[PDB]
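Asker: Below, each chain spelled out in residue letters.
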Amino acid sequence: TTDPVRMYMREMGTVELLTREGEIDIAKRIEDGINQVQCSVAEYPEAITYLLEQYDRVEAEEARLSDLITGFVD
Amino acid sequence: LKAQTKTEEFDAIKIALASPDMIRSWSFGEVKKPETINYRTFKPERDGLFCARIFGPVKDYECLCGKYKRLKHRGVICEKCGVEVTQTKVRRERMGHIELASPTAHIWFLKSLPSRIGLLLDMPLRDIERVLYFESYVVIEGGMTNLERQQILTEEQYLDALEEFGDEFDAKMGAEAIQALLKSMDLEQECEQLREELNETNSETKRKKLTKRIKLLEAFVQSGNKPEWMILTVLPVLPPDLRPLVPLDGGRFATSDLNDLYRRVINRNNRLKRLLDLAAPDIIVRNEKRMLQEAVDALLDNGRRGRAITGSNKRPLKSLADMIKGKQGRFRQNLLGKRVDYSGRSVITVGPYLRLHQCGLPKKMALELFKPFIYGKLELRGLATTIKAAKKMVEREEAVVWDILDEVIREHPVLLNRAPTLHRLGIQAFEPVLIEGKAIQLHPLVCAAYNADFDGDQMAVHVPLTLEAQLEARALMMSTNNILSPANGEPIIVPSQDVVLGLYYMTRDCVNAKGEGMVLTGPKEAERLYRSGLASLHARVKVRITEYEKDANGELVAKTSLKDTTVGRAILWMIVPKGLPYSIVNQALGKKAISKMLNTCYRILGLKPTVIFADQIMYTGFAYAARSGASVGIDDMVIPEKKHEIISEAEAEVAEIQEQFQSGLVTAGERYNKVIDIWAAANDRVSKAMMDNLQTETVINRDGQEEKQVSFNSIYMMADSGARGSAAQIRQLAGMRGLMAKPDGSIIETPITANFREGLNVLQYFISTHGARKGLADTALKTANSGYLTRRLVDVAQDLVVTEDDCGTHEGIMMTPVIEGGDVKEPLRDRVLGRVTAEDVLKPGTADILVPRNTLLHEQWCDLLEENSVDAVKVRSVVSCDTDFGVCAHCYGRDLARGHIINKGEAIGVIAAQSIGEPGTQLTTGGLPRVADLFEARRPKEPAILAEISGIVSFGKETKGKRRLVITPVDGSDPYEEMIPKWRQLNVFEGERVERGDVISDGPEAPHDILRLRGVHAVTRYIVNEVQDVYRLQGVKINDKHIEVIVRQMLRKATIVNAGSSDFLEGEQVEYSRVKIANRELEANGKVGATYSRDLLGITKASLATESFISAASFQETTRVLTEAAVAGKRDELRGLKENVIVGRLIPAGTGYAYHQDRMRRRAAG
Amino acid sequence: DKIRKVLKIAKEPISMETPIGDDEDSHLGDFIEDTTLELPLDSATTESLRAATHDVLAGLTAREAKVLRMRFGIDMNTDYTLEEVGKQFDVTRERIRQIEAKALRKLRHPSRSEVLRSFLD
Amino acid sequence: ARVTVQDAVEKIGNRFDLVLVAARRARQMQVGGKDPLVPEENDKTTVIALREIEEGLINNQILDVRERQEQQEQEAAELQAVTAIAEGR
Amino acid sequence: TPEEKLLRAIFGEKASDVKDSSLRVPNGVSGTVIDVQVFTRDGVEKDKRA
Amino acid sequence: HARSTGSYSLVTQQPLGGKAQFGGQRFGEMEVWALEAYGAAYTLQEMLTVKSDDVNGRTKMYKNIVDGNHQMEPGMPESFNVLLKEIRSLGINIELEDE
Ligand SMILES: [Mg+2]
Ligand SMILES: [Zn+2]
Ligand SMILES: [Zn+2]
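Chains as they are written, first to last, in the entry's author numbering: chain R, 94 to 167; chain F, 8 to 931, 1135 to 1376; chain Z, 492 to 612; chain D, 2 to 90; chain X, 896 to 945; chain C, 1244 to 1342.
A few of these clues could be false.
Distance condition first, Cα-Cα at most 27 Å in a straight line; then the derived DSS-like pairs of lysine-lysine [stated by the list, open to error]:
no., chain 1, residue 1, chain 2, residue 2
1, F, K74, X, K943
2, Z, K499, X, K909
3, C, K1303, X, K900
4, F, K96, C, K1303
5, C, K1328, F, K399
6, F, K570, F, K557
Calculated from the structure, these hints are not laboratory results.
Please model the complete structure; the sequences and the hints are all you need to start from.
Answerer: Below you can see the structure in the form of structure tokens.
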């Protein structure tokens, strides 16, 4: 009917509400996905040496710890 | 040589679709942020709708940051925040742009009633919209698979359809789809297919739509427009000062609605950009895209979707389409219509002292009006050191300034204007005369042309600044230069009420009066007798007079005699110039004769003598009327002595018919009608009773017993002279007044038996109220109704101007007296006067040429035609004129405020329409709408039917709802048979031969028929005789020329039949068409020429088609005109009136007609 | 006291398209006059004040006109500090300043003064 | 004053060209290029030009004749100047 | 401007930091002042006349 | 009321009364026809250009009225100049052609 409120309201109404169990399913899939790329990044040599070149610049007072890492586990 | 690159005097204008690269050309920056102003320092936030960087400095020649504040640094872009320091004017000019995230549809080309994207793609609108909102997928460049190019699919259908064929099939949705469709479209190819399809199938339904589409397409192709551009990539932003944020008092701010709108479009757009880098789900980016689509629509044209409302304010915010648009068409030139400097206005008073060429101008108005003139003259003569000191002198009203003002005034006309400007005489130039007091004084003689009373009407003054305007004001619009109405050549300067009562009292005679019988040497000692108290003003007297007749060849003859006349007439003869005979003043001199006096004076001695004469008549009229002591007392209105008896006798009749209705001898209706008539007869009886008693009753004695003359009673003199009052109105004062009418339209069968000299009682008065109340409304609505008519009229003519000199067509219309049923409802001399003969006219015998071929017919020639018995003269009209794009003066006629034949370039269209419109206030099927019905071509409800073709006719087939009529021509093929509903009573004789155009039934006939069957000259005559009936029944004089020029525009268009250049059925200009088949008849093709058929368009329909699109955007619906031209890329060449005014140049008529001509030839010329 | 200041910027701007009066196409925006323009009865007196000072400047010595046109921005980019003028003219500092005085002095005692005095009201 | 221009319209037919020509002429007097051809009654350049038309000593031809002449009168002054622009070569 | 600035040097006038907003009698209307009222914001010190 | 040169409106530069010295008189469509019916072209141009809508011509004119040269160098009324930006702010490319 145009009036975009309606063609929105009607477009989302198709998507089914998640079951309380379905919520955890999707979140688990997310973890795997990111974790695939996290491990995939760890396997790149340039990814390490680059991290090295960034911290060697931090200790020389050419940068700050806040512009490189957000902290580790801990 | 080199043509140019920088600024010249531009000609024409072009309108077209805008490329993204083209929009970017205008843009001085991308407005990237909804921010307006800083909120503390009220400075513009940078990269926002108001940005000094993008648009321009807030203040003159000053950088925003303030680093370069000096008027010296100018083209410098500040290194800190880029602002080139320049006048703030550039904030009114520089545009901007916005690069849109998703493509967007242009509401104008999507939603204008003939959807441009829709018929350019031959795709339904609802489908295109379903694609824009993501409600279905549409195919593009479908290839060979399963699917049509424009076919539409659903989610599941697209998926199933996608699984089968991965490639060689393509489908999209949203704006990108429509844009892909338009870009992919090959226009050339569609025409070929469309041309073939046109030829194969013959059906009106089919090829009607076909021709519409093909016209747009080949138009769009030749246009230069690329279809893709109807979908917006880049969105221009309007310069800030055209939607300013300016502050107000008390510190509140106020700004244009575009800002609330523009901001939204920016925001949604910006969020959408963001939602892509956040990779939002489909359901969202679609919704943001839909939302962006809505905002662009509200910005551009609001009201075509949801009608967005302004922030915190209920009223829907006004959009860009609404800024151009309005009621009606454009706000700029439309009534009304721009305020103008060097003007004023005030209440007006009399000023009988004025000569006919001048006016009383308040001292103070003139000081403020001519202020720059006064300043420069003050320091031109050195009375003021500098312009500032000059300001202080006149601001002080120093005594010396008044004399300088008389200098700047002396030869310097001013324009006077009244409120409902109807004909061109609504503005007239006068020479100003300095007057103490706050009132404008207006020459009485002009008060008539303006329709200006002294009951407080106010008038406006305008100063003609430029030299060309002073000589225009003096030589065109000047009072003395227009003394004659352009509607009919009769003088509009006619003496008015008081003045004509004076001359009536002056030339008049009673039976016995002082000096009766004596004789005097000349008018001089007649006045010496009167002023000295010896002789009465009116007494029968012989006096020696010397009259003149110019009957030589341009030479004044003299003849002197003893004329038997009165004292008053002898004195008045003193005013009459030269070659007029004494005969003109020897009559009783009423208002009618007193106008024909002026008329003849104009047609014999010319302009100058008529002017100085006209003045004189006024002065003398007022003066002698003042001596006369005419008044109106209550004993001046005389009721007949037999009145009580007439009412009583007529009242018996009513009680008789009543006895017949109670006894059933007569029906209720038959009774009612009877009573209404007997009462009616009584009104006539009483009225023609008081009129006889009132009229002649001065009954006096000379040396003998008795004699009786026309009464000298005051109120009678008023009505006989023509000053004021009329037999109808006098009748209401003394005799009974009328039978009023109840609101529903019935007429009360109990008239008002009393009058105003007597009392009207509660009932009589209460009943009179309805007539008064309806009276006022009718004039007030019919005043407005008339104006609408003149509007439609000047629109259909306007650009019509005398262009050629003599077109040289022998063609013309036959002029006969109107001769309706009685004797001669209008003579021949008036119909033929001032026209030009189509061919030489004979005496009753021949090899005798009275009038030779085309000769202007003036008064001597018309008397020469009247001398001979000549009853019919063929005359050239503007309706038959062969000149294309105008009227040749020779075909027009002479008429003007001047007697000469119309000059080259005068705009007749305006003066035709205005002349038809101005009297329309005075009108009353029939009435003023009947006139509108005529000019609108409207076909009556139950029209008659005319024989389609000559030959013997008969009836065929049977009663289906139509009983067929079969015509059988002698030589030719029979096949014409028309289906006529048989429940309408016929006329055409079943056994008789009927000529084409005969009456096959009765009832009115559509002028469409008359043009088609009977021909052009015939139909033009029908209109003129019909509209002229309405006006003439009311006493309105309008020369047929004006009705004819309007008519010419009515038939301006025609519909082609044959072919060989342009399309079959196209409706088009006989100007264009006639130029194309006349060019082909020679040169070109040996003869390939196409035949047309002339069409009759109502005035309002014909004005719709206008070559100039700027003209159409004024009075038509602005949105539609602009789209339809921008698609076709129409190039407006100016050349018309309306458009040149819009753009602000010399009208291509009148003084300007010389200019445009001089340029037009430079154009399309080496 | 910030209530007033704060309360003011807090108000929403008024639609300039607000119809006012007569129901006529008169809208709020039609009445907001241009204050940034310069009225012609003024611009003319400016074009006049130029001709005035140019007249009174041909009345001075050729060096006084150059030094005074220099010391003010008259018909030149910017204007020059009295030292800057000293470098172009070669006799510097106090020398130039005196000339300035007499120039203003010659335009001061009315013959010169009668025309230019009328610009200040 | 000039009450009616009727006399002027006779000399030049058009009656619009009267406004144009009398204007062009009226400027020859107002911007000081010329002086009147007939006694000035204090009539402003508007009316003086019209009196000049009435007397038949001014119309589009005469003006065009005078101007084409002044071109050579000025072309007579500048002769030795512009030829001196032989540095062209 | 330059020429206005020279003007001030000759006639030695100090051009104020204030613009003239005074209410002055409408042009041409002339009468007698029969009253004056002074309303002041609550919190601003009332002036002499007020 | 009478006005020589008054104040002017911001949105469109047109005569407007701000001092209660009233803005000039309103010249209408019908009043325009009246000038077109007479042959007066220059009176009409000066009415709808220099006397009103032309931000330049008014001042260029005023200096000439005192200078003693009655002329007008009309230029283009600001009304149409605005219509141009407004059409062009839409998707419509409107240009002034030729020479
Ligand atoms: Mg009245
Ligand atoms: Zn800066
Ligand atoms: Zn013709």
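Asker: For each hint, tell me whether it holds in the structure or not.
Answerer: Outcome of the hint check:
1. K74(F) to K943(X): Violated: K74(F) and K943(X) sit about 44 Å apart, past 27 Å.
2. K499(Z) to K909(X): violated, 35 Å
3. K1303(C) to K900(X): Given pair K1303(C), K900(X) holds - Cα atoms ~25 Å apart, limit 27 Å.
4. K96(F) to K1303(C): holds, 17 Å
5. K1328(C) to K399(F): violated, 42 Å
6. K570(F) to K557(F): Roughly 19 Å separates the two Cα atoms, so the pair holds.
Checked against the numbered hints listed earlier, the structure breaks hints 1, 2 and 5; every other hint is satisfied.
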